[PDB]
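Can you build the whole structure from these sequences, using the hints too?
If you want the building blocks of each chain, they are given just below.
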Amino acid sequence: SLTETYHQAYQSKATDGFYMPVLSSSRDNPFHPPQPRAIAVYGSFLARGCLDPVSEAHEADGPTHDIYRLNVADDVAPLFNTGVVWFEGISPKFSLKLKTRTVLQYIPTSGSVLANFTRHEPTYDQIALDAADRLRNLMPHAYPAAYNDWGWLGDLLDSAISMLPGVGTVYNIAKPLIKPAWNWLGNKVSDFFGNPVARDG
Amino acid sequence: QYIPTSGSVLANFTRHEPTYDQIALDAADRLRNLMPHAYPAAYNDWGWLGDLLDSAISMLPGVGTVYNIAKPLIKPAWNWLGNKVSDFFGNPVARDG
Amino acid sequence: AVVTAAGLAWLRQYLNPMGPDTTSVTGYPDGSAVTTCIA
Amino acid sequence: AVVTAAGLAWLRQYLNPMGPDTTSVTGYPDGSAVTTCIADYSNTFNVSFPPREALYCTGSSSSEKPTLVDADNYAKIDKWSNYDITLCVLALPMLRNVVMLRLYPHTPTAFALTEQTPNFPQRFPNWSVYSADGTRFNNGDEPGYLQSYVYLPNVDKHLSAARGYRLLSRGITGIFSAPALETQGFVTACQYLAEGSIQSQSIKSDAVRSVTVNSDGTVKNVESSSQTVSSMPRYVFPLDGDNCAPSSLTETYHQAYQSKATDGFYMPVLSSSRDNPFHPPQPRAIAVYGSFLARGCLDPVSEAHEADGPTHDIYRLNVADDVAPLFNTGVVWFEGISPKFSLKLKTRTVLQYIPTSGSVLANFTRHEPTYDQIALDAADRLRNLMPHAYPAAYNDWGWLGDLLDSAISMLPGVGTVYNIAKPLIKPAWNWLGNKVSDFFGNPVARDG
Amino acid sequence: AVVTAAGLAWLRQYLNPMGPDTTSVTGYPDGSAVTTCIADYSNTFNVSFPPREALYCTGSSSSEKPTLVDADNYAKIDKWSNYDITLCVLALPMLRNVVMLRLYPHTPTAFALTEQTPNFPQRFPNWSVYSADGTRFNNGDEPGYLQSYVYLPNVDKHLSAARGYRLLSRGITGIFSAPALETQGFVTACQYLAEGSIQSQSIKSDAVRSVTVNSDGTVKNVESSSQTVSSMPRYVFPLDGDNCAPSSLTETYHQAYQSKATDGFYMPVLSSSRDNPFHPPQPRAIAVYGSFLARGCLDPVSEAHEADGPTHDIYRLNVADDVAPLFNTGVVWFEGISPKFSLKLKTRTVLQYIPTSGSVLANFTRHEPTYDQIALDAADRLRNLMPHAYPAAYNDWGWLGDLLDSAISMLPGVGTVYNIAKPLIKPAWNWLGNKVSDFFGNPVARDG
Amino acid sequence: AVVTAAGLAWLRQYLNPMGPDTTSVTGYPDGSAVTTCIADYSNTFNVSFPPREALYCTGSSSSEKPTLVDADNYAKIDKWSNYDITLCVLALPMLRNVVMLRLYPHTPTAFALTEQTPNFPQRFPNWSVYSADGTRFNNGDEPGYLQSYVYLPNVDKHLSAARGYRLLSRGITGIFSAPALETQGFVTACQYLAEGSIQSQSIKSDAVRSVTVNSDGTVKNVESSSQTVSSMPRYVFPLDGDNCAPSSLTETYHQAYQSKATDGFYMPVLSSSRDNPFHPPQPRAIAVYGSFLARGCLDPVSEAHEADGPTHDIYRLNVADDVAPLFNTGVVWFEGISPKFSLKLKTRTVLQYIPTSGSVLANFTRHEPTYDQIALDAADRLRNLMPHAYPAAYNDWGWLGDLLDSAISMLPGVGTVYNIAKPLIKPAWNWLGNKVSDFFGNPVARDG
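Residue numbers (the deposited numbering), protein chains in the order written: chain A, 313 to 513; chain B, 417 to 513; chain C, 66 to 104; chain D, 66 to 513; chain E, 66 to 513; chain F, 66 to 513.
Treat the hints as calculated values from the structure; they're not laboratory data.
Where is the CB? At the ideal position from N, CA and C, for every residue including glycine.
It is possible that some hints are incorrect.
To be verified - Reference listing, derived: stretches of chain E covered by chain D, where coverage requires no fewer than 3 residues with Cβ under 8 Å from a Cβ of chain D: (1) 266 to 274; (2) 279 to 288; (3) 295 to 306; (4) 313 to 319; (5) 361 to 367; (6) 371 to 384.
And the structure:
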């Protein structure tokens, strides 16, 4: 279902692993106070209830969606995507090395440990935020585990996407952007600028 | 618009063409406060729409402009009761229905 | 720097849903990159 | 005098239904001037050797009882799995039940059917067993082969809510896979027109024979109602079951496709007619013509024996459907297949509906009745040149479109504008020997 | 390379049968090289609300008795006359019985028929009543609608004395009239191909069940002759009765004609085929396809239940005739009609006969087998462009002939001599809004 | 843009099957791309007045007994031989049984058939007698005419071993001879399309009527199984038997051939269609449509009487065969023939087979699927111009090929390269008056 639905979904052989950078879905990232709360997942409703003309008594058993409690409490990062990866038909003697990197900003409370590690340099950059918002819909959902340090990033993708926001442009043309083909399964992979990606890992 | 679930009826009728247009969204946001709330039942196919209203509202968003001046925009008078109706550009609207 | 045909079509169908000119339907111009069906 | 873009797109989707570039569906270029919705059904199935729980008996065992599972006669089928097997897929022009799958212990001499109507034919995930002597299978008999129908339910749902339909294109891909050092086998595929029609077979009636011995009642109603009548009408396919063996198909049709099993197959089912009119949905019982035994009036006989003339056997499939007329019937055989195989069977069927008012289809209409006679003429011309099948991975043909459709579109009539597009030569589709050539002589290196 | 005069005359009489200039009849331009006589039947009828003496019951009341008049249930029909009514005229391709008229108290949801064969269908001046619950009407029931057949007797007389026939053209004019300040109502008209064929429905036979208790006679002839057989063959029309409501017809077909009731209608019934071969006269019972109820073999069922598969209901009209094949079926609805209306129904039917030797037709022969492929190609091309109907007074179209036929005759093939006759644009037949435009943009001011 | 050599050869063999230059057989130019073998059957028969030993009765005399010879009623047939006689040959499109011969004492008013199925129809050397009152003949009745079938056994043998067939061409030559000063008589010949189809006639069933008087058994199974059903399917030819008299044929068809008896005839049976597809061999009972007597539903009748509507009489020939579809049916009459005549009947039938694998035909294959649309278009164009027959010795027409085929091949479409080949004028085939003219005005002096 995920492969059919989402175009940027990543597929490959199990040996390729995966590398998913979770992306935000909003252009703003306001601070929020820590507030752990019990997490749950919406299910599906069974009784139609007032979805059809019914009596007053049956309004109560209207469309009520099942809520699956996880018995886990946490505070979530709003507007961040949910990722899901499947390894299908892998050997039962497998070994997965999971490596997670989570970087997040805090406002330390007075007399707390965080107060000893402070970055007093607040910068402002509207262009970067607009570029990230624009790139949100272009980047693939995942890459092979060894496909870090993409060549096309930074001064080609970021640059070539940097003049489009409004007309806030000083450099006329950086590089035309073509639709990449992330066909990892058939080894016919082309980057954002048509340059082929030979397997380096 | 729908995102069909797998093995559902909607999956047989799919448009695989996602387009991106920031200018159109900004123009709609700008026009939100100018358009009348309703029109006479027979007043479809407005002449002033599309390449006059949309165009003349299209250079204002930021400065994302290539065409210098399209058409100055004047405040319309939608006095349907007294038949003294003027469109967004001062052109009178004679009753066609 | 200029509006596209799809953006203009969406604007027309959003501002004039029952206009006779609007014949074909167009999606929201945001590049959602998902499989969509317009009804 | 020039083929439009819509006609070219329809030609591409008709000749290459499963091509990667084929994303937006386009209707038949005839200018029908009606409100229509084009539906595209893409389905994927994983066919393999079925387990015991997926097998059911077709004999009188499950006569009025529900589908009855095999009573652990699965040992013989495991013995089949000890040796190599044979796969057969038959794509009749039926809208739903897109293909019929058959498992054989070894390659048969013909595509035989059962004389008696089978009980509860099973959709793909479940199979049904048939005996080795060409009869329905009850528990304790000798299994001959397995049979299943690959069913599309959305097609049925949409056909129910439609005033008219017509099949635009159909393609079947057969991606084959097997464990390492176990990839032996050959694949054959062939298309041919089996123009079915609504016919009724000739049956006999029941005459009462009453001997009333009563003194007052001596009517003796011995009336001879044992005449010859016509059974219920069925859509009968004149498919050459006796001539559907692989070798006969290869030796008969020149465009038939043969290759190694690992290459799979990709069959773009074609149409045998130039016109594709709308037809009202009308499901009917599907049957297949057989052969006749009694010559009857084929020799000089009495007026009494003319009744039992050349009556052709009609095999009932116990499946009801509406078929796409004038579309080809396809047969593909996988011979010498390792029993631990896997077949990713993909199907893409695009068809145009006229939505019934208030139906769910009416919300997906698409109104541009384009008209392009050049595209239809090119499709008619190209019918005899395109091969019946290609390897599974041989999509996105370079010679298609700007090269083949252009080299054909200026042939019809005198409707020619360009001087000469490109000369057309006879291709050589020798996939077995790896010496494949296109319609213009360009070689093809294998991409799998 | 140029259309002859005979071909142009035939095209004019085919597209505009009731045009004022159409006086001399011309045959089909195919060079048949046979002795033929062209007959032109012009008939006029005055349809209005029937009195009590013109109404007859269709139920079992007149089963074997002759046509039985309404036993003063005419009070309910007068109550109909208190309100507005609905008229329907259905022009099937039947040669005689040119149209069928129906009176409704209000617009129906579908063009329904009776399941049981009606008794004594009545020709136009007499009507026959049908119940409100879709059944035949006996005295004391609830009348649902009135039905009549408009019959041409000369057509029957001439068809009897002919070796072969073919319909050349047919047109129906519907001049509407009503008292002053009582002219409300709308008129809709639509043509569509209902390609009938000779089919037999599936019926059940009668099995004898004898229990002979005699001591000497204990045969017990319990023979099961309750099999499924085919009824007598009938010419069945696949007309979408459930989809013949006015709104559905307008929303489905683009060329459908809608206007005010006072405008009447003028339907030039067209042909759906390029070839018009001669056919031998062969009257047959006329029936209409319905819908099916039991799915039968549309789902996996036992071999015993395959007999009662998707059997489509066939409604018998109790009318025998020979139909003109490939000619369109027309439906026109007058909704919201004042009950004190008047309809001058004119019909013009021109058809070619091959006279039987010694028959009365042999004295009216006319031998010039002209041949014109360009005219036939132009007629084929123009089928999808001409609207299905026009207002009653909209004869003698200026755009026809020198303008439309010329702008079409150079399209086919490369058979073009003149550089450019006139560009062709899409017309707008908006009779309701009085914004009508021709194929060349010229407006039309109303002439009535 | 130019007709190939294979297409020209096929055209020559199709229009002039018995021409002296026609030696090598060529297939249909459609590019079928299948393995085919062309078979050419040339047969010669010596028809004359049969002796007594060659005559058999068709009545109930030989009902289940074998063919029963005339019990010396041959005196009446000798009395026929005292006067002049009439010959009739009817070439139906049946593959075997190429023609049917009939001997009459005098010219009949129609080509009548027997209502009851005849017993043991006899192949050519043996004839079968039919009574003068249009019934089967038993010994002691009044003989009306003699009938025989001319049979090709090799055609049957080859049709048995073939997957598909199509008739390429057929010609029948009728060389006539008679003693000196005894050569009076006239010959007439005419071709016309009798497009048969697989139809079933409407028959009645047998309803049991049991009156069980037993005290315990009082079931009274009086079930009404006397309904109307369909008989076994037969291939029915709609040949105008009532309109097959010589004078009517001459007055109806312009291309009909008339001449003196000594001139014989030469009929190149033509095809009425542009497409000639392969068909699977499928022999079936052959029958002929007659006329109807009861009008039935042709008039307003009760729902009970609609069953016995216009039911057309179907005459069973008691002969089973497969026919060549869309090929013309030919009739030739020899009137006023001296009874001591002789007819050398030659037949040439060329047809293409698809050989069944392992059959005897597979050793005679000939693989060059040529494609020529121009030849097919020329054949379609020439159908209405060639006369239906020629004198027996009028082979090797000079106007054929370089003159007629060239003067026609540039007409279709705009596919014309040469400026002008030769103007085409209407020929005058007045063989009776010895004023014959070709398509170009060149006279023909008699060569016999």
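Going through the hints against the structure:
{"no.": "1", "hint": "266 to 274", "verdict": "holds (count 4)"}
{"no.": "2", "hint": "279 to 288", "verdict": "holds (count 8)"}
{"no.": "3", "hint": "295 to 306", "verdict": "holds (count 3)"}
{"no.": "4", "hint": "313 to 319", "verdict": "holds (count 5)"}
{"no.": "5", "hint": "361 to 367", "verdict": "holds (count 7)"}
{"no.": "6", "hint": "371 to 384", "verdict": "holds (count 6)"}
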